[PDB]
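As a starting point, one isolated chain is supplied in structure tokens, in the form solved without the ligand.
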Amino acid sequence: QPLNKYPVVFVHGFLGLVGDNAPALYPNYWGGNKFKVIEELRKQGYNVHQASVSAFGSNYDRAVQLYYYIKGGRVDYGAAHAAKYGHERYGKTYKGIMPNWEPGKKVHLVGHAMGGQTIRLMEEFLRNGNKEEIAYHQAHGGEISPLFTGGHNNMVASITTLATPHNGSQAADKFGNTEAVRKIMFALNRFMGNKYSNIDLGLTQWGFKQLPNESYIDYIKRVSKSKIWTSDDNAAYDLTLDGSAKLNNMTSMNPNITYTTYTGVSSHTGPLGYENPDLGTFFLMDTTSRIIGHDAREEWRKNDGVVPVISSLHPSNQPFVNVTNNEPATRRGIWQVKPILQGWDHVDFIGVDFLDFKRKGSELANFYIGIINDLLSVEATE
């Protein structure tokens, strides 16, 4: 008899692993130890879920996977897409969080970081389809994912993003999308798809799963021919300013959806004008914070360690309204931009910063409850 009418689905970001796909030393993504988001919200009688999608994949690959996580079924990336980039057309097959999902049965979407981008792309497919795949199916018949088809409306009540780089991050452009870092990440993925590998890093469609009677040397040889080593079809490219601007250019406001965003700052101004990470910013984003904070362009400097403020507030070409923290946030068709959370870094939003004693568990519980309240407001208006 769950307290919320429409299921809330939490979508993780760029290096996210959840539930049983998360290795033992890797922290619990949604809330760390500070506030176990899924477990606690269920205990208070809300129907909430934790989507599991590709950790290194493109927003495209991930948006397809999100739909199959919700609906159930075998992941189909689309024949045209597959062919264009050089990966497998079909992926893993999900049970489904609601096999019933269709117009009239709504879902709430909350994304952390890249999850916010993934949410947006999935909804665009539901509503307007994918031109390229529709053309391809027109020519070559066969099957087509309903995701690619268009006309699916009233499937999502709300899109709410937490520290999402709507306008990219220069931490991707300057580090991270470089050949040097992509090669390291892809080797990790190669290794992690060995025949004994417990976990799945999200790039198995590119070949990164060792077959059962195939030697590790043969595996390496096979997969060295993959187009992944050079493709834009991966998270690192989508997180760049260009990548993210592409997503912005082909998404748009649903007049019926309730849009809302949150943002952290965790950097402070030096004498010069440039921006450095506060003590208490998760030490792993120290470098990225500095790259962003030392941008030539003043507006692009304040950041949460990994994504600049101007990127998190809203997609830049899409309509928005600044909103105070306690007003009901129930306005449809427009990005409702919440006040910047002072001293929250990128990862404070999900409570995994075990070193930050100044960001307490009860504060995190309030932030999440606060989101659930807003979702109830959406439910309670039409």
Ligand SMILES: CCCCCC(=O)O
The other form holds:
There are 2 protein chains.
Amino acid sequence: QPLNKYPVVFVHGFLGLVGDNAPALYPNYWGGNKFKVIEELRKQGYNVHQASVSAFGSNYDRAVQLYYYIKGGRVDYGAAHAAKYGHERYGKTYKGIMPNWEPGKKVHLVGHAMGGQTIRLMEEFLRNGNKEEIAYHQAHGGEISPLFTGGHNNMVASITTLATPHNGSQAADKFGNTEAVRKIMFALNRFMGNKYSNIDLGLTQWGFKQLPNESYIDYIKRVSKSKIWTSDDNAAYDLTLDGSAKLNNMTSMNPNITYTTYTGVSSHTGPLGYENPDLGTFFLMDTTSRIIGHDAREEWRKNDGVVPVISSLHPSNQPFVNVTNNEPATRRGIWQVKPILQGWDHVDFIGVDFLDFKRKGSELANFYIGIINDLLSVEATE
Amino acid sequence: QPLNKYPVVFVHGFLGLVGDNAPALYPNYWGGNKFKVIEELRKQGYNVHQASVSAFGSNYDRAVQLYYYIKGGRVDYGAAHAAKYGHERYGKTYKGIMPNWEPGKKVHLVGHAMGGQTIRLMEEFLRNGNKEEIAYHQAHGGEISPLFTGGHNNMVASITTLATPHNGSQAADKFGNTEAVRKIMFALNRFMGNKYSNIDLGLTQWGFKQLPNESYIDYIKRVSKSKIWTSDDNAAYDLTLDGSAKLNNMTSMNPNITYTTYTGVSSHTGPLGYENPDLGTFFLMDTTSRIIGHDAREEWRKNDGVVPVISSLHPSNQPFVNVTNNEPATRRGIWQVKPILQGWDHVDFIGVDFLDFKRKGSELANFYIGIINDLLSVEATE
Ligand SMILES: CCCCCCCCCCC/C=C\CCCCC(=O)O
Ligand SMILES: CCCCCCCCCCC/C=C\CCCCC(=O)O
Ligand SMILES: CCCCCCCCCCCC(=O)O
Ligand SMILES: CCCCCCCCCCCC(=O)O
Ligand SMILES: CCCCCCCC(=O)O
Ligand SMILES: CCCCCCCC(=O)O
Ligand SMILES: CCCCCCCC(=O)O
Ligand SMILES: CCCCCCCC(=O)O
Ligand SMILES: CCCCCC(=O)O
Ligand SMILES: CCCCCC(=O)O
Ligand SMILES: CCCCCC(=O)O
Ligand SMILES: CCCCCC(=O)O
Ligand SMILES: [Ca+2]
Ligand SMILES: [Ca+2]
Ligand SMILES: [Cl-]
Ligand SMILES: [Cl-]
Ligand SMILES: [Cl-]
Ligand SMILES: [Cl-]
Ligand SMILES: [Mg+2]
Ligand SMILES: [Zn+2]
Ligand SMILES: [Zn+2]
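Moving on from the form solved without the ligand, please list the structure of the form solved in complex with the ligand.
The next block holds the full complex; its first chain is the one shown before.
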């Protein structure tokens, strides 16, 4: 039936909420009002989905959730990980989009921003498992998630990243991950865990769900003991240069996977060689753009608003090849880096910059269809 | 010892709330965060004020309120007017900014947008009074406001208008004044009349104040009988082409007053000769800009977002002269029309377009100081 033989799963980044989990008023993540990615691609006969994973959690937590989003079942972050970081072992349970997902039944993975890192980690787990969990289950018995065992291949056809901070962002190091702003984020998470909340910001495994008969006062007191407040097992840490380097250091290339990256630039050079945001950079990224743009290291300056070009092109010191827009992007095992999209800020990739009339719905439609064409090419050249 | 011998009163337009009457979070009307008109002009030694008058009411109601804001005392809309339109005769009471205001002790009046019409009407009443009120008091005795008597000259030195719809706006005829949107506006007014509200949207004379012991249910029922719902005595009517023409038809030039207008353009011509909003037009005016810009009549197309250029230049039936930026704007009795400000949308005049980095604080400071320079020269050439 579907034009694509392998389902396409779109994976949101940091802060992203999709589907039923999005607030009463909130942007449509995948395409804004410019091009409704899921609805329009389905209309054209493609089998596509938008994953729903933790908005504030670590790449680790998100990758586990991605696995269960696809496969179905109760999220298991692993006994060793849970014990190390101090959060629940078990999380939400997903219906599962492909309950029969197993070697042979592949999926295409496309990540926006942090979603691009989450996708890399999950594939890491399928192929190589998680050594701390393998060791823990060796030593202590129990059950180990099949996600953590290793030896699961032929499950992902492709990894495509849009404005992914593969090498981290100074906007995390110098803003997102500062103590002051972690506190803001964690307070939001505490609040949206209240007993009248219908939205899950992705840190409930840390205790941020108020019980039906618990007072707010008691809730505050209970969750102030959580390790979340000082942990590095969260998104803000993972998005720093160091946090992202750690992920780069534990990933490897899969020779069967087609890897491709897209990157935008939305800054311009000033007289001193610093980068400032273009008019048209979605305004909430003006300061973050300036922070990145004023880096001491010149090659870390050009940026899409919140991710420097050098972070998005490809993980540092993984194999890559610069590719043209026209040619087949059908090489396996190597990051195919697409030419930089001029004027595209971080959120232009998902169409939510409603203030930017230069970035048209029809342009965004062509961009997404071009990704699907590449994915079809991957399938055709198996 | 202020530098200006006559106080300057700045008069906000439609929707404008100032000072104590502005919501918890709300822009600073005169200058935004770009150039704090009142505070900065005072720092430079000028005696300036921002009037507070009805945000949603008619030019008539607003002109009465402006009078009392300056002079002090209990607002009196006039017995005849109250009876004709079906609202209270008496309104709020103002401390008064110049309790000694009288022939000889003059004020400079500067109006943004609708404020420019309000200022014209008030001066009309001072000079020629209000015949229906004079007649009514003749017939029925009682008191008549000094505002409605006529014969008050030498009270206003100058009328300066910024982006004033002297000839109305299609955005009112085709949107603002439609039944569906009057209902929205009147509902907001009903709500902000609730017994916990600290902000006055300027329609309380129509019944929109909930009593301390009145239920919301009873309030709804009581104010649905008000004539506001079907009256033309409101801002939305007055801003239409017809509503503004009516004001033009009953006002006249005062040969002792210095008149000056400023106008902005923030649209550009397309291939069919229609006008579309520039990038940089504050986004909430995008649709209104397009409605104006697609007018059948070509000369009614160019616009600042919500006011077409031909509306802002001068009242269509009144004498004007095009003036250069460098001419002393000291001719009396004739609309001195200042060269159009290219790239200035309707709200760039008051500095609130926080999304538009092309329009800088230092530019806005020069613009306001230039108005004060003109006002000084009016005083010097008496
Ligand atoms: C609240 C603090 C913001 C800190 C910013 C840190 C750096 C961010 C780099 C990229 C993060 C990952 C995905 C970005 C997703 C964008 C989604 C959205 O705008 O709704
Ligand atoms: C809610 C409906 C708005 C419809 C627009 C009608 C036409 C408006 C023409 C000029 C309006 C007069 C004063 C404009 C004052 C602007 C103040 C502000 O934006 O904070
Ligand atoms: C739009 C932001 C509103 C500002 C509220 C500040 C509250 C700070 C921390 C609140 C934590 C909580 O409510 O559990
Ligand atoms: C800005 C929030 C929008 C909510 C729209 C619903 C309101 C309908 C009319 C309300 C009238 C009233 O509450 O008196
Ligand atoms: C035309 C859309 C109406 C504005 C409400 C949407 C609020 C939001 O952006 O979250
Ligand atoms: C402004 C708060 C309104 C709802 C509080 C619910 C009371 C409870 O927790 O038992
Ligand atoms: C909950 C606060 C209500 C804000 C009213 C805004 C008035 C205006 O638009 O002029
Ligand atoms: C809806 C939240 C607050 C309503 C207050 C009611 C007061 C009253 O009507 O006596
Ligand atoms: C009530 C609104 C919560 C917004 C959560 C977010 O920014 O992802
Ligand atoms: C135009 C701004 C309205 C916001 C009103 C408030 O939240 O107090
Ligand atoms: C009349 C009691 C409720 C009105 C106040 C409010 O809606 O906040
Ligand atoms: C002046 C306010 C009108 C809102 C029009 C819009 O958002 O399309
Ligand atoms: Ca943009
Ligand atoms: Ca503007
Ligand atoms: Cl499996
Ligand atoms: Cl929840
Ligand atoms: Cl008087
Ligand atoms: Cl009130
Ligand atoms: Mg919900
Ligand atoms: Zn974790
Ligand atoms: Zn009235």
